[PDB]
Structure formats: structure tokens, C-alpha cells
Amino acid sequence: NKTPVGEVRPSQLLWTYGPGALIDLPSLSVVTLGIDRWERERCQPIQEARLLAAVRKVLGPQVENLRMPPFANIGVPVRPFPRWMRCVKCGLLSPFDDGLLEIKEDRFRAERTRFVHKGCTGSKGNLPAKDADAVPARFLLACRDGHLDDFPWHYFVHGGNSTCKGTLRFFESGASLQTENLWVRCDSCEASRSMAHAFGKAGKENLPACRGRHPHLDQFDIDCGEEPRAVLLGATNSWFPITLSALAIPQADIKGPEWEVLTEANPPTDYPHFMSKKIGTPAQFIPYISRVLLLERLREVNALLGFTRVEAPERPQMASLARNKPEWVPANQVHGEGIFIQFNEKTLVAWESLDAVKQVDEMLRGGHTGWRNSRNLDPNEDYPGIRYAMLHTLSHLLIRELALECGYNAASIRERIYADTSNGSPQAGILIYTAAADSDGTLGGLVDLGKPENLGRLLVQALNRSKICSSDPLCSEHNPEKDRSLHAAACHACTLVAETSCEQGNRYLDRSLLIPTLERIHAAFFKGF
């Protein structure tokens, strides 16, 4: 009753795919099921207590262990979605479970499995009967609170409710130059409409209310008061993960003992997976940087707890993984290497009390208040600070320059910032490590660039590039108090990285805090460059 389809690397089950995500395969598309229908007896545990005690606080004391992905029919279970398809030859639109579509397979070469329209005879129906290939339809319906469901084709095409029971087609522009237009036509009523009327301001007047379908649980809620939104197949704004990661340090916030250990006078080197060296400090950067520390052996474990649909997360908007309170969560671990940069305390405290810094801080706090009002949340909590924006911007620029100079892949590199200032133990420093176990610069390639002959050149080129952006007069004039954004003077063409690398989600970033820009001068932290 089951059949193989394909394979994926075990890294992507906690960052791109996972229990709830659309998977665009070469021949079809599926959605991963939840975890109480997984084979528990074939998952190898991972021993890590300092993260288990963090997951148990959030999800309750019943959580048991962290378990690796399951590894001649053993694998991750999926199910076809969306459940409507299209025919290549006759251009027909019909759900999979009317009975008019059939499934072909070949077991030794499972990547060639597809659906077929049995007995296709042409659009008019005047050719010898054969079999043609069936492809999915590429629009869905997303709800902010966590629901995804099929697009309502019949209601959309008939302009509301109707009694008709005909069939449907797709039509195109018929010109050689228009490329994106689509049309849906009824064979009996001759009702015709276009797909443009589902996006924009016209979407509110034309689409119906949410139904409340969690596809991976096979379960319906009663009603949903939120408004719906239409999304494409395979777009990046359809699944976001919730993650919690830790570093394997020698032996109740996560990041407390990490800062305590990494900035000791003599960082220990007797544990097998933690080994550090104290090489150097560059020439131009004496007053700012106090310590630069290399890590030759590093280890990081992860976990996965939930997901959200339309907007990145900031707990009533999060959706669970199982039917009840779960009993284990997926996990992962990677052995790698990293670079740790520490900054000078007195230089920072001197820079915190200037004037233009205070004006920029007031602007950002006004923007934060504007953002948190529009989503019904407490507007006086969880503000990071002004130090965070500066350090975080510098980190994003450094990662971009590591990719540009050395030819690396962008997703291979991960950041981690330390800027808490609440309990009287001030922090300042960034970390950069390696994402994958088979990535670029894996075998000692990143630690090569931690020597003072290369890091200064990388820093100088990183800072001198960001003086004028490629979308420049409108980028520096951007004011976040006007329209409730969390960024100011930080666009796609100068500051943002891929969603795998980022720790926060492109929130709280500004580049005029670092160098003189086209509109502000006196807010810079690095002077004379």
C-alpha cells in the first residue's frame, strides 16, 4: 500500500523540509506527516542534557529524549498535496480522488513515478486514446494562524456558490509575448475569470473564509476568524521553522555559560570536542578589538519544536507537531570550527552616550512600537538595544564578504551574537561557525582566515564596499517610524543574508551606525576608514 519516491539529505529535515512542508520533487509534490505516525523504534538518541532541560521547560515535563531522523520500506512518510492536478495534453483540471486519474510506477527507479490521465483523446476528443502525464496545480491557500488547504477553484470560477457540475480548463494569452496570464473556463456555464483577481486588494472581496485544515494531522477545527491569503507553490513564505540550538561546552539562559567559558583567561583544552588557540590581533584594529580566539574543534546540537505559515515568528500563533503533547523531538549535530571576536568595553561605553546614537535609538524604538501595535502585542517588552544593531550589522557584512572573496556558498556559514546587558554582566562579541558537515571550508578552511594577515584585509574590504549601495538615495532616506518596519538603511542589496544563516530574521539592522553614509555622518563607530 506504500511506495518509495525519492531521497533527501538529513540536514534539510530541520531547516527546509520537515513535519509540515511542501516538497517540490521532479515529478510530484508531497507534504511530510506528523511525528506520532513515525517509526519511533528506528531513531537513534542523541545525548545532550543542557538542551533537554531547555526544551522541557517550554513543552512540558513529558518530553523524553531527542532523536535523530529514522534510518525495505523504512523512511519518512508523506502524502500527496495539493490534491488537484492538471493534464498536459487536454488541459483538464480535476481532483485526484474523483477516480479519473491513475498512478504509474517503476520500483527500481522510483524517481520516475508520476500520475497519468487514462484514455486522453485530445481537447475536442478526436485522437486515438493513450496515456499522458499529469502535473500539479501551483496555487494554494494559506492562513496566518497555521492552516493550509487547497485553492477553491469552483467558488472562484462561478463567482460564489453555484449548482453546476461541469469541468474546467486553463487558457493562456495566445500571444508570443505575454507570459504570466492565466484563465479558467467552465465547459457548461462558460464562466471565465483570470488568476490576477486573487492577489492584491481585490483578493479580500473574492476569496472565501478559512476552513481550518491541518493537513498533516487529518483534522479540522470548527471555525477560524482570521483572514486568508493566497500563496504560490514552492515560495519561501509558506513554512518557517522554530529552532533552539546550543554549543557543546565543558562542564538559566542558554547563552550565559557560553560567554563565561569563551572569555576565560585560559580556555580549557582537555575535553575532546573543544580546543582553542589564541593567535594574534590585527594592526589597524588595536583600540576596538581586545581578543581574537580560534576554535579548532567545535560541536553544536539542534532541535525542532514548531512552525508558522505566513509571517516569520517573533505563544498563540504557533502550531504543534502532534495530536497531543509530544514525547520526542527531532534533533541533529554537526562537528565544525569557528572564529570568535571580542570587543573593547570602554570604547563601546564611550560611544553609547553620544548624540546621533541616541537619535537613531529613538527612531528605532519608535519603529518597534509601531510594529508591535499592529499585531496586538505588549509594546514595551523584548527590545534588544542599540549595541545589538551595530554588532549584528557588522556580522552580516562579514558573512557576505566571506562568501564574495573566497567563493564559498552563502548557506554554509552561521552567526551567533552576544549582546545581553540586563543582569550587570555586559557582553560584546560575535561568533561565526560552519553550518553543514560537508560544506565549504570544512577541513580547516575557515580557521585559515583567522590569522592576522587575512582578517584585516577582509575587514577593510568589507567596510569599504558598503559606503554606497546599489539602490542608494532611497535606501539611506528610509525612515522606519513612517511605516512600522524594524530596519533602517539596510536593504536586500547591502545587508540581508539567507534565512538559514540568520539568527533573528533580518530584524534590527542598520548600517549607518558603522560608517558615514550619504545622509548621516556623526553616528559612525569606525572613524577614518
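So that the term is clear: the rigid core is the largest set of C-alpha atoms that superpose within 1.5 Å between two forms. Positions refer to the first chain, counted from 1. First, how it differs from the form deposited in another entry.
Core-based superposition between the two forms leaves all of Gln359, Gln219, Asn380, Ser173 but one with CA shifts under 2 Å; the exception is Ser173.
In the core-superposed comparison between the two forms, the C-alpha atom of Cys189 has shifted by at least 2 angstroms.
Shown in the overlay between the two forms, fitted on the rigid core, is a CA shift at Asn161 of 2 Å or greater.
May I ask for the structure of the form deposited in another entry now, the form deposited in one PDB entry having been displayed?
All you get below is the one chain by itself.
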């Protein structure tokens, strides 16, 4: 019945691939099944009650444990997707379950396993009958509400419902330079159509309605009201996760007690995974920075709670992991080390009263109000503030400078920003730590940079480079109120990082709040650097 295909590292199972995603294996592609078909008793539980109290609060009081990914027939169950494939030699297009395709496999060397077209005789049927290699189709249909399905070739090639049952062909449209032109040809009705008609606004006239399929759960919904979309195979906008995390502290919001513990005059040292040092402060940054704390033993846990398909999460758009309300959710833990930086209160309170800061805050609030009303949400809520944007920009610049100077890998370092000001206990600080247990600098390589002779270097070299962007004139002139954007003066070329590291997902960013740019000057926080 079952057969192995391949293997991956288990750190990916909560960030890339996982339930409902398309795994691009070297020979084919699969979709991971839901967690209700997983081996419950081969998943080692992980103990963290503080994260459990929030997971229960979001997904209901029936959740029991947080469990690790499992470890000859033991593994992660998958199922092939998409089901329509194309033969290379003859160009024939047929679904797998019609019988014309058969599988060649080895149960001891399962990396070589791939599909072949059984008894190929060529396009004209003159070649000898031999198995020939085949390639999966390169187009899919996506829905906003969460549904995924194969491309409807039969509906598209005949312009509607049809009677014909003949074979289909694929072509490269003759010319070499063209990737935009592709042809689908019917062998029996002799009709043809182009793949260019399914994109742009032309897709609304031609493409049919959504069906409501969940490939990982193997179910069909009754009805769907969303307009479908044509999407390439392996696109970046196909799967986004929903994650929640917390830190292990000695002993109701998650971030509250962490800020309480980290700002104590004497940090505790009795817990086995908590040890801190108090190494100085650079001489150029005396008035701004009040305390730098280096952490040499730190522990973090994570969780996976759901996913969405086309757009990033802001909850009607979340897709469940099981048919019922699930009893357990996956988990992951990493032992690492971090650096904490605290800023001066009075310098921030004085800087908030300048006029240009109020102008930029009004512009960003207008852009936020424009952005929330386009999706029928309440526009009078969820503004983090202007201090959040300032700290969030400084964090991204520092993380980029870490990779530019020391030669680190990009996805090795995560971030965490403390900026609440509404509960009478104002917060100001960022936290930078390692992402995985096998990344760069895990053996004391990050606490090395926490000395006063290196952190000031890093900050100066970060602030000097950010003065001119590579698309500078139109970048500084960008107005978030006109186009309902949630960012200003921060494009891909000067601010943003990989999707693993960011906490909010590349929102609320403004480099003019830090240093004087070409159009805002008086709104800066660091002067003369």
C-alpha cells in the first residue's frame, strides 16, 4: 500500500511545508494530510503550561498536550497533488487515476521514485511502446477562503460544458523567447486556446466557479462565495502559517511578565536556563541607552495553530487542522541565547512632542484607517503607535547589519519588540536571539558582539548605510494615505528581511523616524550619526 518518498528536517514542519502545503520534491509533489491521521502516541510531549493557557484560550478548552513531530513505515503521511500530469516525449495530458500512468519505485532507495507514462508510442503513435518520464502540471486554481483545486482544463479548452472525451496536448507556442504564450490543443475536436486568457481581468469572463475542496482533509464544502484565482505551481502566496510563541521565565498577556522580569534590578539566577550579564554601554550612545543585558542561557517554545492561503493574516479566514476541534497541536523548542537593549524614558517622551512626529503619526493613522476599511473591519482599533514603528524599524536595520558584517546566514536570528504604553507601565526595548538550535553563533558567538567595543560599531555602520536607498527618490516621496499602504519610505531594497524573522509581517515601518532622509529632516531620533 504505502511507500517512502523522501525526508526533510523537522524544524521546517512549523514554518515551511506542514499540513495543507505543497512540497516540491525533486520528482513530484505531495500535500501533507491533516493531524487527525497522525500517530498520536509516537509524538513526545513538551511541557510549557504558560503557552498552553493561551492555546486553550484561542482554540477552546478541549486541547490537551503540545507534541513534537514524530520519529520502516513510520513517518509523515502524504498524498500526491496535483493529479494532472504531462508526458515530456509526446506532450499528452491526462490525470493520474485514468490508468495511463504507472509508478516506478524502489522501497529501499526511495529517492529515485517517479511516475512514467506507460507504453509511450510518441505523438503519432509510431515509436516503440516504452515507459517515458512525466512532469506534473504547472497551473492550479486558488481561492481566498482557503480552498485549493486543480486547473479545469476540460472546461477551459472547450469554453464550457462539453461532450468530447479526447486527448489533450501541450506546446511551447513555437518561438523560443516567449514564455507568455502557451497552447492547449485537442486531438479530436481540433480546437485550441491559449493560457494567457486566464490571467488579468480576462479570468473573470472565462474561469468557472470555486468548488470548495480541502485536499488535505479530503472533503468538499457545500458552497463558496469567493471569486477564484489562477496561480502558478510553487507560488510564494500559496501557504502562510499562524504561529504563537512564548519564553521560559521563572515564576494576563504573554509579553507582560517578560518585561517585568527583564527590567528588575537583580535578575534571578536559580532557573537552570536563565543566566544574564550586565556588560556596559557604548560611549556614543550614553543619553539614549540605559541598560544592556546579555543573555547566555535562554529557552523558547513555539506552536502552530492554523493557516491561510492567499493573503497574510491580519478570524474567518483560518483553516482548521482537523475535522473536529483538535485535541493536540504541534510544538517545537529551541535552546539559545539573546541580547536585550533598554532605552531611556525621558528622551522618548521628549521626542514624541515634536511637530514632525505628529505629522508622520497622522499620516500613518490615515493610511491605517484606509487599509482597514477596504476589508470591512473596524478602523478605530489596533493601532500600535509611532514608537512601535520607530523600534520596529531599528530592529530590522540591526538584523540586516548583523548579516552584512559578520557573514551570518539570514534566517538565523529572530526579533521581539516590547512597545506597549496603554496599561500605565510603559515599555521600550527590543530583543534579539537565535532562531534554530544549529544556526550560526549558537555556541557563544552572539554574546561576543554584546561588548561595548562591537555594538557601537554595529549601530554606527547600520545608521550610516541607511541614508540613501537604492530607489531613493520615489521611496522617500511615498505617501501611505493615498494607496492605503501600511508602510512609508521602506521598500524591499532597504528595510525588509526573510519571512521567518519578522513578528508582524513587514508592516509599520518608517526609516525617517530614525535619521534625516531626503524629504523629512526634523523627525529624526538620532542626530549627527
